[PDB]
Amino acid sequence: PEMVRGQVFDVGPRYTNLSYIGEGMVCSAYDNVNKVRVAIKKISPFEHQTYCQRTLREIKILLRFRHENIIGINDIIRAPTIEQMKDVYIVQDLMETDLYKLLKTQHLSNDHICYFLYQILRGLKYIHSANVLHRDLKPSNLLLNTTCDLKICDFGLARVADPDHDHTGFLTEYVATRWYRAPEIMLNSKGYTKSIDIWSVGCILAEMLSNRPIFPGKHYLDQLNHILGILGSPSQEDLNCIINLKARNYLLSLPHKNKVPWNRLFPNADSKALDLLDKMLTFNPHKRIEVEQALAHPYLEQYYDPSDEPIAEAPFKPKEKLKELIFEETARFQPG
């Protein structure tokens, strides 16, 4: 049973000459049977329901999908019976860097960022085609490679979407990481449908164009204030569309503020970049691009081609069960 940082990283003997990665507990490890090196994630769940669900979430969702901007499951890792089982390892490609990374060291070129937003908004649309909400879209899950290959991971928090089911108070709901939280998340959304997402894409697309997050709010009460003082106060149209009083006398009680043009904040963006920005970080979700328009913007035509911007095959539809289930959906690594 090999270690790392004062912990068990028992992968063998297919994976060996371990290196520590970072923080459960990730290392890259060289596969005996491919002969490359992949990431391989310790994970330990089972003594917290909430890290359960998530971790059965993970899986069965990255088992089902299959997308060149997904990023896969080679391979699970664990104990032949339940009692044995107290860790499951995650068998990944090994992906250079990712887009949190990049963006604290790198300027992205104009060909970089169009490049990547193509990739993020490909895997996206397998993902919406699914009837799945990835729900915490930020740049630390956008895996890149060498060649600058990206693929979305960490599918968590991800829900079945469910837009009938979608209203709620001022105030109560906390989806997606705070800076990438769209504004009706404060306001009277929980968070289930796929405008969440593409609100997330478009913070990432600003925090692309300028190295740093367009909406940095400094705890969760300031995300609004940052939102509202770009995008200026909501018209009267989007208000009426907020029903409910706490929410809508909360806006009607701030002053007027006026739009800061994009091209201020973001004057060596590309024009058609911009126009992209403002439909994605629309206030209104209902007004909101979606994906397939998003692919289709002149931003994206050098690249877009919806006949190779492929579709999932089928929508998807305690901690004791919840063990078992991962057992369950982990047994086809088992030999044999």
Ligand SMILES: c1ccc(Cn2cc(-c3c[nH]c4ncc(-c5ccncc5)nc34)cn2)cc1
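Heads up, when I say rigid core I mean the largest set of C-alphas that superpose within 1.5 Å between the two forms. Numbering follows the first chain given and starts at 1. First, how it differs from the form deposited with the ligand bound.
- Superposed on the rigid core, the two forms differ between these two forms by 2 Å or more at the C-alpha of one listed residue only; from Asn249, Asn225, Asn110, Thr97 that residue is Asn249.
- With a cut-off of 2 Å and the rigid core superposed, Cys148 has a Cα displacement that reaches or exceeds the cut-off between these two forms.
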Contents of the next structure:
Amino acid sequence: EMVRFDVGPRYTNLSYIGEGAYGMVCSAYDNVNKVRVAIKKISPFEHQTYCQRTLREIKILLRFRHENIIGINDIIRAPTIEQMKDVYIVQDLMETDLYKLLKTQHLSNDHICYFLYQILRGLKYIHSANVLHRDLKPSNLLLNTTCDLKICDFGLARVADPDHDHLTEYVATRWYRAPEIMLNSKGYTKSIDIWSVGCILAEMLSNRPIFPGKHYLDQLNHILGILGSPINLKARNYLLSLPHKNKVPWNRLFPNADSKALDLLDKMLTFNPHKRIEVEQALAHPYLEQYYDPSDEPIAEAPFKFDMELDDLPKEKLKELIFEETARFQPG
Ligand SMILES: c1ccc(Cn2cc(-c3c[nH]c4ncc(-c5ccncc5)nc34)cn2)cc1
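Give me the form deposited with the ligand bound now, not the form solved without the ligand.
Next comes the full complex, this chain leading.
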């Protein structure tokens, strides 16, 4: 143990990396496989949406298997469900993320291009499984080298559902939230993930968030402040009929940017979801022609039969399902 509480076996001499939703996140050492790994410690059993995000990320990441998607190595808990109050997710130790990198470094076009490729390569897998990440942002893209990118945090990950109408349903990180979400186009579409990637590409090009709104109405203010002016929004919230703006050309916002990059950016940051470019079409863009290779882009074996449509479940129940899932990592 230490200070920062935790429990090895089978990992020792850890190190603080920070705290997110629930504590460490600590870089410990592996006794069996002989490496430095990253253990995440979760204590979600006090609320409902907490275990939900815990059970989701566990169920999904175990079934996923891709070079651009973080994997679950080990999960250690108390052998009895009565004592189980903490969960320890063990994952590969990554050096940093795209968020930290963009604070200390201007990325070259070559590096930006391959970073974009790896993200979409990972997204291609996710979407082929009919799954939405819903929370893509630079801090959720882990990096080891320029050629090693891994998507993480699937706590908000839903199975796609374009046909179904979902202050409930929360959240997508504001700066990277697609316009359709804020205008109650309630369907869970794959287009929301592409929007995030668009914002992410825009952020790589200039080391700053393209739409850094304060609140969700200010977010739409920023979005329309670039794309210009385009009503189904039945809140208020209605009075967005304010200063009408013309669409700002990307080459004026990013003058030193590769023209093919800016062209793909325009197609990802499209206001209308139905017009917005899909993941395969994105990879097949002239901007990624030197990397695009379907034979080297593994997709999921089969689309996900639903996330069990689980939202309103008692916490003592999904307590067991986590216990049922994680039972494989017990030595017995
Ligand atoms: C609480 C909850 C969720 C997160 C976000 N999240 C992090 C990982 C992760 C898995 N393995 C890693 N290895 C290294 C690093 C890392 C991060 C920031 N700087 C350096 C290294 N992050 C992860 C998955 N999801 C964070 C805290």
